[PDB]
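The chain contents come next:
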Amino acid sequence: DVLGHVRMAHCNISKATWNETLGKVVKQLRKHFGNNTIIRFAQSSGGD
Amino acid sequence: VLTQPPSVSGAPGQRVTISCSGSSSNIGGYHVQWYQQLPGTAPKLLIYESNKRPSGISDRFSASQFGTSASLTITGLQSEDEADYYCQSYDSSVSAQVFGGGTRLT
Amino acid sequence: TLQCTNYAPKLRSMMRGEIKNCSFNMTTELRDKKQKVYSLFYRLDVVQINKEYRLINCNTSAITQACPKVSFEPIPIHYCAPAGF
Amino acid sequence: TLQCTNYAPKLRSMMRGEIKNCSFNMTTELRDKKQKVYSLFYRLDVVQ
Amino acid sequence: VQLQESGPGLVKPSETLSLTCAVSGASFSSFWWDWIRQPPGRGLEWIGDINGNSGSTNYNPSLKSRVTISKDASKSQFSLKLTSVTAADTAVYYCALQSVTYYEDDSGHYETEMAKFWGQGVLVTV
Ligand SMILES: *[C@@H]1O[C@H](CO)[C@@H](O)[C@H](O)[C@H]1NC(C)=O
Ligand SMILES: *[C@@H]1O[C@H](CO)[C@@H](O)[C@H](O)[C@H]1NC(C)=O
Ligand SMILES: *[C@@H]1O[C@H](CO)[C@@H](O)[C@H](O)[C@H]1NC(C)=O
Ligand SMILES: *[C@@H]1O[C@H](CO)[C@@H](O)[C@H](O)[C@H]1NC(C)=O
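Chains A, B, C, D and E, in that order, are what the protein sequence lines are.
When the letters of the first sequence are read in order and numbered with the entry's author numbering, they come out as residues 322 to 323, 323A, 324 to 368.
When the letters of the second sequence are read in order and numbered with the entry's author numbering, they come out as residues 4 to 27, 27A to 27B, 28 to 95, 95A to 95B, 96 to 105.
When the letters of the third sequence are read in order and numbered with the entry's author numbering, they come out as residues 128 to 141, 150 to 184, 188 to 223.
When the letters of the fourth sequence are read in order and numbered with the entry's author numbering, they come out as residues 128 to 141, 150 to 183.
When the letters of the fifth sequence are read in order and numbered with the entry's author numbering, they come out as residues 2 to 52, 52A, 53 to 82, 82A to 82C, 83 to 100, 100A to 100L, 101 to 111.
Nothing false has been slipped in among the hints.
Result set (EDC-like, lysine to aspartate or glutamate): computed pairs, CA atoms no more than 20 Å apart in a straight line: (1) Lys169/C <-> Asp167/D; (2) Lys171/C <-> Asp322/A; (3) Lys169/D <-> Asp167/C; (4) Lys137/C <-> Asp322/A; (5) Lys335/A <-> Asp100C/E; (6) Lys137/C <-> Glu50/B; (7) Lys155/C <-> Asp322/A; (8) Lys45/B <-> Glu46/E; (9) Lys335/A <-> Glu100A/E; (10) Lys168/D <-> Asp167/C; (11) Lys45/B <-> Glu100J/E; (12) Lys189/C <-> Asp167/D; (13) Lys168/C <-> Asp167/D; (14) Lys53/B <-> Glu100J/E; (15) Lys171/C <-> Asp167/D; (16) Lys81/E <-> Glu46/E; (17) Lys169/D <-> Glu190/C.
Don't read these hints as lab results, they were simulated from the structure.
Bound-form chain A, shown alone:
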């Protein structure tokens, strides 16, 4: 049984910390892929 209301499982990630984390990752990726390229992040395309 579920006591109380049925609530969705979820994760809390601070937006500012994550944004800074990706900015750092992008800088390090640019070091290998070129300073003038555009780096894009996207959701997983498929599979299990």
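Model the placement of chains B, C, D and E with the ligands on the given structure of chain A, informed by the hints.
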């Protein structure tokens, strides 16, 4: 969209029922709340889920839902119980909460 | 074969249909009797086949229940070389 | 318990009755259901 | 929990009608709040609601183009702004607690006993 009886008779000692009839998009898939009001006073709810009542409501009122219809049962008409009754539910076709037109109990 | 309906079918939420209330016969301590069971399963564990459903894995493999007394919390493991390495 | 008839019962050959066409209930992926099966077995694997 | 409605009495045709509701012991951010109205002698019509956390709104499609609902968590206040008002569309206006809202689900509308906490309403004329 949820229809209700135009009015409704009753007597002490006999059950009195009020019906609502909707569709699969408003009653069949959503909880139906029941409300009771007197003229000049704001409504209060009697039933907040299709079956569950607040702790402040007496045992004379109960309700059930089946299919696309629902019914409120009063176990016996008291002189203090006559009132205007309403049912409410969320209508996913309209995408709004919908009231029935209500019934007047005498 | 499971006979299932949605859990909290009238609930407004993101979890609308995510939990199914399934009924099945299973069995019990004595081989001659069966105990009807009502249980809740997540949508992702139950696949259609009251509606009839089966567990998602019955088409692929045997299911072993993990012991409820053994924790899944990661514990640090150290790797040590044998003498000579 | 298998219910069997001879395979190719009208065949003239040395293999006359060597293969039997057997029917049985067995079972299937779900414990509540059974799948009737028809299969061929050699005489030496099946005993009356 | 208490709720006190307040607003204009007689609003001239085509003027803006603006009502505010204040609540006491119910944390504003934990519930969905809505507006409901009824003319005397007539049934009730739902106007719209607010997600006490996100500020998300819902409106009755028959009213939507003329109705804006807003909230302010500070001072625990809920407001309704209605334009192009006519006598045909006036009513007694009420606020009520509608449902429980959770931060993880902006469409929750979770049923609760607390929805019984209705105010007494005000009569608006045009
Ligand atoms: C996780 O919990 C801590 C507990 O203090 C809280 O400060 C932090 O903000 C939480 N994380 C997020 C993303 O809210
Ligand atoms: C359990 O077994 C009985 C056997 O008579 C059957 O009638 C019933 O429908 C079964 N229920 C389920 C949920 O499989
Ligand atoms: C059943 O197993 C097969 C094995 O290849 C798989 O392809 C199929 O998707 C499975 N069924 C479901 C519902 O996942
Ligand atoms: C299979 O089981 C059914 C059960 O009703 C029975 O009638 C049938 O004769 C069985 N067939 C074989 C080949 O055992």
